Amino acid sequence: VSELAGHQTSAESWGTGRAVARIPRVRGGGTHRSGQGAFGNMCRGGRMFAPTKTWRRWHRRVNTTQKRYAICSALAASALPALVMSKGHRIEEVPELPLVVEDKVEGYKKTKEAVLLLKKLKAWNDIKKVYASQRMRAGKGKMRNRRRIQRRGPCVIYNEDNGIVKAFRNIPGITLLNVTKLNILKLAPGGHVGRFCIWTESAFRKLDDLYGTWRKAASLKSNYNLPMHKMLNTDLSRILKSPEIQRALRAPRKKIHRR
Amino acid sequence: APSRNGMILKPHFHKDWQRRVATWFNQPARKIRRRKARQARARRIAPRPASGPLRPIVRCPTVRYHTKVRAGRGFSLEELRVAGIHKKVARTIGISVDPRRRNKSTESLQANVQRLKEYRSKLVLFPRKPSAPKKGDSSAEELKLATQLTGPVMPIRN
Amino acid sequence: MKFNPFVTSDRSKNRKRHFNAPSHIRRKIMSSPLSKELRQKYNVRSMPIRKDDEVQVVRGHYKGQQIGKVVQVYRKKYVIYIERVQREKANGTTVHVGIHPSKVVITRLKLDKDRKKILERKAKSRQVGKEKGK
RNA sequence: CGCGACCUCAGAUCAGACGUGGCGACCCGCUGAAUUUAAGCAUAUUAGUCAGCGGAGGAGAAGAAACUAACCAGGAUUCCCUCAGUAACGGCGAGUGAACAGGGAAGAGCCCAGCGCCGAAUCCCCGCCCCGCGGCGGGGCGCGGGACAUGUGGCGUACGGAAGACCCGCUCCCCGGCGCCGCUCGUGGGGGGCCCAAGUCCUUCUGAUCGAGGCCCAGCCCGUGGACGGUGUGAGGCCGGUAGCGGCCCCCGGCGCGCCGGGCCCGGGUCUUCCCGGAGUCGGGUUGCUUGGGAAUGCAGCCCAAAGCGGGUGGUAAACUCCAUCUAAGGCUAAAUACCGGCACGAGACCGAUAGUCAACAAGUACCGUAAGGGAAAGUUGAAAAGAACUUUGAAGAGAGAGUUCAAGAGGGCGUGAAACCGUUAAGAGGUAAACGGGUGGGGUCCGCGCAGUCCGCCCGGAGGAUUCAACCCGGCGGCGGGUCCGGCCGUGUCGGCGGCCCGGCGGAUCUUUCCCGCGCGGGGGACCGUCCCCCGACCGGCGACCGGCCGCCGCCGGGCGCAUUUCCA
RNA sequence: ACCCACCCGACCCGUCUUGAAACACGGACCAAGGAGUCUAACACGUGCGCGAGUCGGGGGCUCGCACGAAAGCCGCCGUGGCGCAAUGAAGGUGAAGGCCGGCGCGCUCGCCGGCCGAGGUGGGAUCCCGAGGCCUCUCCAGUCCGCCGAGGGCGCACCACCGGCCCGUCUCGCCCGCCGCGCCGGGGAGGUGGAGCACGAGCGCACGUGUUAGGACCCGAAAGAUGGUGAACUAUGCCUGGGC
RNA sequence: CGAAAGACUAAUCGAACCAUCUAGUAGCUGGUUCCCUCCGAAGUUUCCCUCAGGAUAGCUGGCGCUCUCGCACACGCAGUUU
RNA sequence: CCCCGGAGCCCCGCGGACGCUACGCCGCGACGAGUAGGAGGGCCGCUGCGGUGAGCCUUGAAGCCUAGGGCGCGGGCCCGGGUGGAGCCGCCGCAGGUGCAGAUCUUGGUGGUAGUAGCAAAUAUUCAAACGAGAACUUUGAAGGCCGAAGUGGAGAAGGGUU
RNA sequence: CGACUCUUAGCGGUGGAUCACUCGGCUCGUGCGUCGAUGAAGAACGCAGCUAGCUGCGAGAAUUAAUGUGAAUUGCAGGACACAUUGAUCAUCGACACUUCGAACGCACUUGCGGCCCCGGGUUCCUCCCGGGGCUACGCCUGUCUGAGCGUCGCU
Ligand SMILES: [Mg+2]
Ligand SMILES: [Mg+2]
Ligand SMILES: [Mg+2]
Ligand SMILES: [Mg+2]
Ligand SMILES: [Mg+2]
Ligand SMILES: [Mg+2]
Ligand SMILES: [Mg+2]
Ligand SMILES: [Mg+2]
Ligand SMILES: [Mg+2]
Ligand SMILES: [Mg+2]
Ligand SMILES: [Mg+2]
Ligand SMILES: [Mg+2]
Ligand SMILES: [Mg+2]
Ligand SMILES: [Mg+2]
Ligand SMILES: [Mg+2]
Ligand SMILES: [Mg+2]
Ligand SMILES: [Mg+2]
Ligand SMILES: [Mg+2]
Ligand SMILES: [Mg+2]
Ligand SMILES: [Mg+2]
Ligand SMILES: [Mg+2]
Ligand SMILES: [Mg+2]
Ligand SMILES: [Mg+2]
Ligand SMILES: [Mg+2]
Ligand SMILES: [Mg+2]
Ligand SMILES: [Mg+2]
Ligand SMILES: [Mg+2]
Ligand SMILES: [Mg+2]
Ligand SMILES: [Mg+2]
Ligand SMILES: [Mg+2]
Ligand SMILES: [Mg+2]
Ligand SMILES: [Mg+2]
Ligand SMILES: [Mg+2]
Ligand SMILES: [Mg+2]
Ligand SMILES: [Mg+2]
Ligand SMILES: [Mg+2]
Ligand SMILES: [Mg+2]
Ligand SMILES: [Mg+2]
Ligand SMILES: [Mg+2]
Ligand SMILES: [Mg+2]
Ligand SMILES: [Mg+2]
Ligand SMILES: [Mg+2]
Ligand SMILES: [Mg+2]
Ligand SMILES: [Mg+2]
Ligand SMILES: [Mg+2]
Ligand SMILES: [Mg+2]
Ligand SMILES: [Mg+2]
Ligand SMILES: [Mg+2]
Ligand SMILES: [Mg+2]
Ligand SMILES: [Mg+2]
Ligand SMILES: [Mg+2]
Ligand SMILES: [Mg+2]
Ligand SMILES: [Mg+2]
Ligand SMILES: [Mg+2]
Ligand SMILES: [Mg+2]
Ligand SMILES: [Mg+2]
Ligand SMILES: [Mg+2]
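Respectively, the protein sequence lines represent chains A, B and C. Take the first sequence: its letters are residues 1 to 259, numbered as in my numbering. Take the second sequence: its letters are residues 1001 to 1158, numbered as in my numbering. Take the third sequence: its letters are residues 2001 to 2134, numbered as in my numbering.
Everything labelled a hint here was simulated from the structure, so no lab data went into it. Ideal placement from N, C-alpha and C gives every residue a C-beta, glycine not left out. Keep in mind that a hint or two might mislead.
Claimed, not checked - Here are the computed distance ranges between Cβ atoms for each label pair: (1) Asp-2010/C / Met-1007/B: 46 to 54 angstroms; (2) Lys-2036/C / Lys-140/A: 42 to 50 angstroms; (3) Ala-1022/B / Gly-40/A: 24 to 32 angstroms; (4) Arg-146/A / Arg-1043/B: 35 to 43 angstroms; (5) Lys-1015/B / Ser-34/A: 47 to 55 angstroms; (6) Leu-80/A / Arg-1043/B: 46 to 54 angstroms.
The task is simple: from the sequences and hints, build the whole structure.
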């Protein structure tokens, strides 16, 4: 809000003794705006309490490994059909979930090709659902150039644009990434972890060179490896009804002694 | 009033500081502008290194830095004299020259002569006209590179 | 999307641009499609509508297959008046009801020299793009 | 008593030039508070800050060491990060508070006076010609004026310079024009103009659609275009645009080639002989301000007032002494840097008409004040004005009918139309002001019923009626699970191959310069170690990591089974 | 839940106050507006990443930014910050001890070889060992599985105590060292000051609370300062007119 | 400016008016916006140009941690008494 | 002295809820005043952003109103009907100029007071007519009155600015 | 029942909250970075067929020319134009024009007084008179012309 906002008046308080109320009141004149109420956050005209400043700490800076950890986490759950389906993406009829494709797809220079591809791969019904979501936004962002809203679609990770990013462009829903420049804002939109992507074999090879396997450095991010796991056996149902453990448990007291 | 334990601390917000707050919303826009301007300057100085001129090796001052070595401002006159480059010309071939540098020890001097010698070896002086007189190199070492050198020219590695 | 960083995509800016548009610019805004018949013949989608073209109204109340001659072009009001597109006021007097040019189709153009040269320029650019696409 | 030089001064509506005011976001020079903090206050602080005056530019200022340092030393200025809330200052309280180094952004360096040499070799203005002329210039020609020796120009300035002799190697740089060629990064520089994809297809809602299903061919078309706006609701395809190393036309810039006109005989090293520095300034004393600068950081006034192996600095006063380091008292200089004013654009997790600027509107308007100055309120009929013809009552405003509109339960301050408050209509009550909490009753308003609500669901027994089964085999498909791990793919731990090791790469302060290349160092090999991969065998976790057969079980389809069965229905 | 009736109950809220129904203030009524914010610095708590490190800025390389003024990467990855060491005003100094054997006279002092290597007491969650049961449809043999377990151990963290080491300081003492034998340098014993060491816990990011500096929860002075406008009223002087 | 009343100086005078410094400062008045749940004070200490305020103890809450054993197998602690 | 793909089960160690959003579900005891103040939970509420609901919406969004039906301890919420006429919400995250009865609060509006106070300075009006929808007030005529030439008369100055 | 009063609801008023819109703001960024004696900013007064305000312009006055565009402008009139023609209307803007105050310039601020050169009527240069035109600020520099001085000399 502007600096001068509210203070461009010259207004003194009629002190006590005049009845009225000790506010600074507009000085002199034969207008409506005379002996009014200036400056106070409560007055009409007035001046907002704690006017907003530009030097509010807008930007927010995050540790680099943590950023990478998130981006690994999103990738890891771009596998897992459950996490992709739960994130909404109609991935029912898709052939294999870390969906990787031939690298002619770098070639394509026309939406025609890019859509045909998506229909063969059965990824179109996500795009279809994007069209279905296209609707008007609720409220004031309508009058501030955020008027329409819709779904996020299939990600498409490419290794090099040989034409591709032109091809997939008008197809609403699609975002294109380079592998070498991935982004958590796009791999986990809403801060929500799953997301159906579509890999290019050239790009899908490059992932291990970028992120490093568990027994090999990144070899592309100088000093980095994957984050180690805290617990390895995630399925505790496989643990808890093992021989080794159930051997060593007292028998479950389960009678219900009511009052 | 202070309450039970804490640094008895002095902030410097008693002048009208909000009148002189300097935001950094530029900086991205700035960073680009420099970068464009940088790429333009390269393109203007066509086969010449983007870097600038070549600069001497030089030790830092003080006990602290002492052990490290930087690029200096420009090669001394003795170093040009010994290498055998006329000081007025050295500017015209991309050799930084300061003339305010003393030269105390002969270990720093011979190193910096060696630098200029090496430079003169791996330099490709184009002739003034396309018709080729003396000094100007062969059209072989010219066609094979009218290439710019990315980064600092012959970088110093401590 | 639009990528040109000197265009606007800003409701307030586009509307202000529109409503406070100058006559010669409004001419372009007030354009209207050719009939499929002419679309075939001239190789042109649409044309800036003019004082005495022949025209169908395509949508609204006056939507109909009659071919009325244009009567005038009220560029201030973003509208054109058409021959029998009219309504009786309280006291019997006919009043030319406005139709917006874009909800109308030109069946017959009023061809002058300049209109002829315009159509020649638009058709040529269309065929350049088809040659570039091929 | 003249005439003539010059000197110092006047006057011209003398000829020709410039300066004056504005703006002021940023910038330079002065000037300079007090609220305030210190829980009082006077030093301090607020603050070299507001107000005041001056002067600028697209930036300004600064800037090519009288610098840092004390190192094995750095090397103009500006800017950022850091130094650092540190050294220091301070009623050592409140509080205040730099610099060097280091890493970056940028990067560019120069010229006089003097000292000297050169016939003033220089400059300005006249006037005549040729070119050029919307940033008054080139070339030539004039016994045409003047400036200038009280010093103009070339060489030259501390990084040394000049003049000499011989060592060497050889000779393009600039401008005034006139042309002409390649339109020269947002991927054709800048500006202007004019252009360029695809449905108003079906049906159906609607006052109007832009909405909803649909559109065999793989999916209506186009899609480098599904930004945005407009158009009687919500529009990739109606229109303007949007995309595109898309088009055409203008103009202008910038750089490439040719010709002419001029200028321009412009080096380097080596040895010798010469040459060399800014005074009422430095410095001191002082008083006042200023600084973190403290026995004086910087600026001032006044007084004193210099030197030349001098002078200045070397963060505690002085003397002696060595070292180090610059060279002051003359000047110019792009760049990274700043920008709440201007012109022109772009955007927003902002505001949405008591908000957001004072100001969405005929706002710095109306209005007030002698004046300096103060300073509002105020957006919205409808898709379209189709803004109510006509009849009638009234002097008229106002009505009553009629009409327009999807609607006037939208009628020109008209979208929606809350509350306070008022009018009426209906219902109920009424001498302790009203109103309230708890508890019942009565009446109303609607709401759910029921014209039996006897509510359903299993299973069973009987009684009626109707289709094909189930049970079973047979053929097919699919699924599960299993062990023989049977056969093969798959991968964990271990051992064997030293096998990838050079046909496996990186890393290493491990080594070797027996190596190679480039100049004791750099790069590359070559050993070595660490790490990552092939070959087969063996043991073991046989792991949701899979295949193939076999087994068992399940399910579906079709075959079989026609009826004491298996269904449906009452 | 609308109205009415009746019995019982029942003073008007806000606020300052020991005390408010108060003869204490504010309040006729309704609508909209309206006050603990943001920045910086500190501290503690909590969450995440990495961990004797950590770090990201600032800068740079990748784009015309549609989304991007993002995202990514950097021998800059670390100049540098904080951290990994203190203590002294400073010159400076700077965290090890034990044991064993030998040689100097073991002199609770000086020098040479070997071994262990962050001391010890008490309490300590927890682990570990475990006599012994306690049965099995018989009399004994007898491996397997538990359940308990008297008794005994290693003892985390943490606490209390005693030792030890480093810096400052004092007191007392006796020896070593060498290019410079000196107003040189080095050690020992015993106290005592230190925001110390005694097998590390930090760094960055985020949220919360608190405390400050800022307009700093919102409203409120009397005043103070700078620069400007007024003698059309009125005060006094003067000029020129009028009136009694 | 005053034949003096601190009179008058544009309804303003024991220091005019206008704009700014200025959102001047306030240990003092006033106000300070939704629900449920759980815990729940103090007006006493010492210091203060302190007495209508701070500081510091105290009294409150929150976060915990370390242990204890009703899992036939307990140590320590108290607004008592012996 | 035999096997649960069958002991038939009050216990079943072969496999295991109707139950198991393990931030879930269930059982036993105990307890419950509260200013200032503190903390927790709010499927309480407001506005905007990333996600997400193949959400809703001209076959009627928001708002508004309702002696209609309900839920919740409560903040609040949901449905019916009316009105309205174009947008709007649920969930998971993030963000804040986020919730009013008070401030002699600010801006706007409205009451009671109230058809009340009040329309009393300076002696004065009456008759007829005209116009006119309409006359206490205009105009004309007639009468009765006042200002009483230091004027309620006739002309300027200043000031107004078309009166 | 009566009037009045209170309560609730219906409908109507008053009033303009709410909601929905937004050619306006606020903030951040980019590029450029240009006023003036050749008369600036600012002020004044003018100018439309009917026009008061806002805007736009300057006695050529809601504009002239030019170039681009290519049929309007429109509240009503009137008109033009041949929109197969420099051609309506917009845009651009390079030519032209630009009343009075204002640094503000003949001197004054009445809008008053002038001087000096030339031109037309007036004369027949007769000066008057009238009208038109061009000059007439201060400071300062380079030159130019006229000079001043018991300033310093020389010759006579
Ligand atoms: Mg405001
Ligand atoms: Mg809303
Ligand atoms: Mg550089
Ligand atoms: Mg000026
Ligand atoms: Mg004070
Ligand atoms: Mg105080
Ligand atoms: Mg005081
Ligand atoms: Mg100061
Ligand atoms: Mg100032
Ligand atoms: Mg400058
Ligand atoms: Mg200098
Ligand atoms: Mg420096
Ligand atoms: Mg620090
Ligand atoms: Mg200071
Ligand atoms: Mg000279
Ligand atoms: Mg559209
Ligand atoms: Mg639309
Ligand atoms: Mg189109
Ligand atoms: Mg000072
Ligand atoms: Mg000293
Ligand atoms: Mg300078
Ligand atoms: Mg308004
Ligand atoms: Mg309003
Ligand atoms: Mg407003
Ligand atoms: Mg409104
Ligand atoms: Mg309205
Ligand atoms: Mg409204
Ligand atoms: Mg309606
Ligand atoms: Mg309506
Ligand atoms: Mg209305
Ligand atoms: Mg409306
Ligand atoms: Mg009644
Ligand atoms: Mg009190
Ligand atoms: Mg009392
Ligand atoms: Mg009370
Ligand atoms: Mg009383
Ligand atoms: Mg009081
Ligand atoms: Mg009251
Ligand atoms: Mg409110
Ligand atoms: Mg912490
Ligand atoms: Mg604290
Ligand atoms: Mg605060
Ligand atoms: Mg105040
Ligand atoms: Mg004072
Ligand atoms: Mg005073
Ligand atoms: Mg305040
Ligand atoms: Mg007090
Ligand atoms: Mg508690
Ligand atoms: Mg309680
Ligand atoms: Mg409370
Ligand atoms: Mg509408
Ligand atoms: Mg906000
Ligand atoms: Mg209220
Ligand atoms: Mg009365
Ligand atoms: Mg008269
Ligand atoms: Mg009513
Ligand atoms: Mg209003």
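Here is how each hint holds up against the structure:
1. Against the hinted window of 46 to 54 angstroms, the Cβ-Cβ separation of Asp-2010/C and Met-1007/B comes to about 50 angstroms, which satisfies the hint.
2. The hinted range of 42 to 50 angstroms is satisfied by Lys-2036/C and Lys-140/A, whose Cβ atoms lie roughly 43 angstroms apart.
3. The beta-carbon spacing between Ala-1022/B and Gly-40/A, approximately 31 angstroms, falls within the hinted interval of 24 to 32 angstroms.
4. One distance hint, 35 to 43 angstroms for the beta-carbon pair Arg-146/A and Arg-1043/B, holds here, with the actual separation near 40 angstroms.
5. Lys-1015/B and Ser-34/A have their C-beta atoms about 36 angstroms apart, which leaves the hinted 47 to 55 angstroms range violated.
6. Distance hint check: the CB atoms of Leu-80/A and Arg-1043/B are about 49 angstroms apart, consistent with the given range 46 to 54 angstroms.
In this structure, only the earlier hint numbered 5 is contradicted, and the remaining ones agree with it.
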